[PDB]
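Single chain ahead, by itself, as structure tokens, in the form deposited in one PDB entry.
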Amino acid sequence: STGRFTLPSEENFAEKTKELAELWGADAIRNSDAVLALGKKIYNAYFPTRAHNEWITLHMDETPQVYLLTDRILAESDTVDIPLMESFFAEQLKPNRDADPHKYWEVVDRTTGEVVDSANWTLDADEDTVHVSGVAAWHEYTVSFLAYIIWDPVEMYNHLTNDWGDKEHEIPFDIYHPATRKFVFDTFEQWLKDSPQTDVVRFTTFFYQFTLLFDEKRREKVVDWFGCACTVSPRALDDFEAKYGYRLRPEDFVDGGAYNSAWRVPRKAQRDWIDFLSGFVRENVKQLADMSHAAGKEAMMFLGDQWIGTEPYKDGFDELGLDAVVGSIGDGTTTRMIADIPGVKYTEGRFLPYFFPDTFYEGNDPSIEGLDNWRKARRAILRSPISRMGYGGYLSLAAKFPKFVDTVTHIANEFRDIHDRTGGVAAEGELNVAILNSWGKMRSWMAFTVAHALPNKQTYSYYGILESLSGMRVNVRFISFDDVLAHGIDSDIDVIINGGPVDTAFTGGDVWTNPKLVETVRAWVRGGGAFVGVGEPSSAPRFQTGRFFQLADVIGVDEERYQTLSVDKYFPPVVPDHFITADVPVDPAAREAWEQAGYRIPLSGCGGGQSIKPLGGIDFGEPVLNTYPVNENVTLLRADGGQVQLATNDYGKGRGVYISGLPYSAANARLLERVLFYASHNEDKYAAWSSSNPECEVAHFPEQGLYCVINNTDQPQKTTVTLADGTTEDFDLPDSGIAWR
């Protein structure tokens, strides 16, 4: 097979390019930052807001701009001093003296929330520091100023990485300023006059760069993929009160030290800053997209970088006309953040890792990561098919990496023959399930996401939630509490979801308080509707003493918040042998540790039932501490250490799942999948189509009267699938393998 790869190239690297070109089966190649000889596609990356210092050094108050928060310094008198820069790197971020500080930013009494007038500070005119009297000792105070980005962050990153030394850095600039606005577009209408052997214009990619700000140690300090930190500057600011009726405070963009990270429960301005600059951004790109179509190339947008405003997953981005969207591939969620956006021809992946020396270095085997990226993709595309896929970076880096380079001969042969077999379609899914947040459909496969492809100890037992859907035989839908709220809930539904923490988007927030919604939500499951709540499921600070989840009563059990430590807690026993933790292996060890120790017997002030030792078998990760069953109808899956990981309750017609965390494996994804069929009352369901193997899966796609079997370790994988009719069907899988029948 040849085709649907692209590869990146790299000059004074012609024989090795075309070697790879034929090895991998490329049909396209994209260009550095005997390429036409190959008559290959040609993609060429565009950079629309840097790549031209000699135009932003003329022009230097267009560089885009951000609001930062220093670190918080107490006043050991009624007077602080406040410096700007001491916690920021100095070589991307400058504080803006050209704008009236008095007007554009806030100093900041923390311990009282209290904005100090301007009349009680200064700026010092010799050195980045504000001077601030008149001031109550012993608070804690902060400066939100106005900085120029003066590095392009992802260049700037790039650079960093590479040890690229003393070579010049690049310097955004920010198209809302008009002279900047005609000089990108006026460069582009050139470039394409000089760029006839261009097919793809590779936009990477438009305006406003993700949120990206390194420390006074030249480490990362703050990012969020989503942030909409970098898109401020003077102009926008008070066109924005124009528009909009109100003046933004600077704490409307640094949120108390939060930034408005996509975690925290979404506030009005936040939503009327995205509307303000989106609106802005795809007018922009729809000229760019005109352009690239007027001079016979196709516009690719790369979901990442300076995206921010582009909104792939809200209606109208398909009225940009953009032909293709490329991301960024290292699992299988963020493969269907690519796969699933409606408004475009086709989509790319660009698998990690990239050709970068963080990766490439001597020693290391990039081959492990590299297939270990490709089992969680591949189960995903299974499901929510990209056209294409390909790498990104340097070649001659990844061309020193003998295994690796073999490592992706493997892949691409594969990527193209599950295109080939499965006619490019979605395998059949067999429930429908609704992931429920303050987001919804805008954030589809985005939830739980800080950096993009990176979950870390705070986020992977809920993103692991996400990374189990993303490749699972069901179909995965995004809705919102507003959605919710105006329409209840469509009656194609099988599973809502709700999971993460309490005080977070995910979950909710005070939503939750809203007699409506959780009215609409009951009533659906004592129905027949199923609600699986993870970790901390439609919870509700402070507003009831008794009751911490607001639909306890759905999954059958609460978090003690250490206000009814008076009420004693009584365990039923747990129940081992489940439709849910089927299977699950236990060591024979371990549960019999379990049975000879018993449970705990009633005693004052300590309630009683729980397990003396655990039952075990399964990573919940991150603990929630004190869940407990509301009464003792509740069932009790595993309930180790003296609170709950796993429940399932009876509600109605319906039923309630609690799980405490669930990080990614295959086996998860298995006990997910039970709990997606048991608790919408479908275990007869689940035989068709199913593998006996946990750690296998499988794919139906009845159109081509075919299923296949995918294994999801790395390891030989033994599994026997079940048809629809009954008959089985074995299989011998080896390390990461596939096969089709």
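Take the two forms, superpose them, and find the largest set of C-alpha atoms that agree within 1.5 Å; that set is the rigid core. Positions refer to the first chain, counted from 1. What changes on going to the form deposited in another entry:
Superposed on the rigid core, the two forms differ between the two forms by 2 Å or more at the C-alpha of one listed residue only; from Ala540, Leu352, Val433, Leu320 that residue is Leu352. With the core superposed, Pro153 shows a C-alpha displacement below 2 Å between the two forms.
In a rigid-core overlay of the protein, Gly393 has its C-alpha displaced by at least 2 Å between the two forms.
Superposition on the rigid core between the two forms places the CA atom of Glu362 2 Å or more away from its counterpart.
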Contents of the next structure:
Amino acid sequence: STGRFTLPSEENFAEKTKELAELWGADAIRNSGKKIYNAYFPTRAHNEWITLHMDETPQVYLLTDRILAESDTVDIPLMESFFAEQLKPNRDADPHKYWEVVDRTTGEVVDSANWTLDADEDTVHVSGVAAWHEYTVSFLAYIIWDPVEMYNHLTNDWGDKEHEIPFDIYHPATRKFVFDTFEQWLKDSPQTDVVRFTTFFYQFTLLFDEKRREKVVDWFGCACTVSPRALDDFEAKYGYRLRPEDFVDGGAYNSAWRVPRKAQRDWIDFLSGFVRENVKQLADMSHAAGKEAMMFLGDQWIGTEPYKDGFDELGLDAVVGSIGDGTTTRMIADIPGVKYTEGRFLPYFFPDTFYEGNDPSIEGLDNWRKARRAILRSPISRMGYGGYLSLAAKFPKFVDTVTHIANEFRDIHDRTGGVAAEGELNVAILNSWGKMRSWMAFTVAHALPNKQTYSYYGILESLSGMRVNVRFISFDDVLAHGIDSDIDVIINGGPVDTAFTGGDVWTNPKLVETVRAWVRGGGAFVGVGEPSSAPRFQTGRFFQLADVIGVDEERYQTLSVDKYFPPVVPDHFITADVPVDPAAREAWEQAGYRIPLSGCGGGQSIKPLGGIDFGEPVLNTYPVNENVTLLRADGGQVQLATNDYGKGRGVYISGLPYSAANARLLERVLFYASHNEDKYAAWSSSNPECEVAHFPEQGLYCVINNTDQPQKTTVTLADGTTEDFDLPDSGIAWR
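Alright, leaving the form deposited in one PDB entry aside, put up the form deposited in another entry.
All you get below is the one chain by itself.
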């Protein structure tokens, strides 16, 4: 137990650095005979360069607000809705060539002969248009303040501190400056052992409004990656010209939730080739200087595509990433083609958690736990923290917390040999993106699930630390090669008309044939939210695989058809670990079920059984026939159901916020749907708040407490014997 830990550094704290490095077994130190990390920012920190070449800043297509015409002319302000300190209209590149004015009421592009850019203000004058339509402008804008340095400035209130102007290496002058500068920096940095690229060339979509608030964000977004030259080169390489609409996307800005369009994939391929070649050059230069190249998974990471084939050819030594939860841990941990991986764990060493009176040991251990369950399934090589080491030195409780965490992290390695725990089922998440977005489904802002996303993000968070093997596949994979014979369960989840359910791909009969035949043969299909949904295709069928999962969503087209709900089965394998208050169940049992009534169907429980948090409701789901097993169908609709389908099974879940109870529910769903109930017992914890990781090649299993509470649990082993555990706060026991 020595190493695998990264210490942050600071001002005149050499004494205490030596002491905390030795107590924590740190083998590396990061900058604000150890391994020395220095962050590198290829597209900023050189205002002396970019102010003399201001047409080489990165650029972005922006969509104005919708302006109502009240006659045959309308004026459209360009900048009223954007942060003028970050963004500026590009007046250099011919607006009639590079911009588009759109009648949003008809979807038609307004002829360029019908609009002008005012000479003295940032306003477009549209003429010859229709009264009472809404108009917008899609315009090129220079990004004049690095989005992340800007976010840090605002967040920390840096006041009048000079704003860092970002620059785009797509232009040869800037590219040469960047590489010459890095060449010299390498020479000037003989003490640096690891170049921590934070990050590379293109920032994820991060645009601010006129009130200095975030306006548009997408951790995967490609908005901030255009220029007149790139657009013209793209047309030459791909053989058609992109519209501004191909970037602003009606105001959606190509959110990862949108069903991906050819133009998006083409643009990703275009940037990717460019970014990767230049990242490889940086890595090679780093290597020729005797240093390792480490990439931060975030910020300017667009075009790297860590999960696409070829990432290995970059020769990056490492990826480091932000550890917020199990899902975000897996995003880092599962990346192929680097030598090692690193988590930057919480809390960051900065006053918002390190104030007098606070116990930062608690955050520190929660973060360890959320990530630990995922680390057992997919180990990360190294751990470390960032920020002010002197701030964290004040809190002796937390210093102790770290000694414990670093020791445990290292003991896992020493015991495990960096081997993943054994997975008990092979589960595949099917969506439009597949492997290229492994652990990335449902994210908008990194680590920040919200009202609209948490009912689906919980599926990944549950899976992140679960005792099963998770893979990510696309509709393209399935249509080209069928379903791999080693897969036990397919999960399709999300709202209608997204990348995550799949949109009109579900009207492709080859897809439906493939999934139906595989389930009939013994496969297992789990649909969450609006799985397999296709609007309008069939008047009487919204979820195209409703026959598989036993459930459809009423869309107000079939109200004339009475819906008959079979009685709910409250005692079932899937819900076996759900506690239900006896008085709640009694009330449910006593109130009974609706009697058939004209135009209202029948059989819906008059009171809810309850007991399970399913998150956001999917309104008016109903069972397709009375042979479907309803497990929860409260409030006149369906939350949880299972259906036999030849030799296989379908399961419907309306939504699934992460909690230990809901992860147990999903785990049971996975064993049940795959007809593997008999396989569930081996290497399981009786208590849902604990989890078991089995390591057979090492003849070993561990059990973890995912809470800060004492946990009592009984572990059932393969041979059928049981073991009682009484685990302390965040405990771990090995047998």
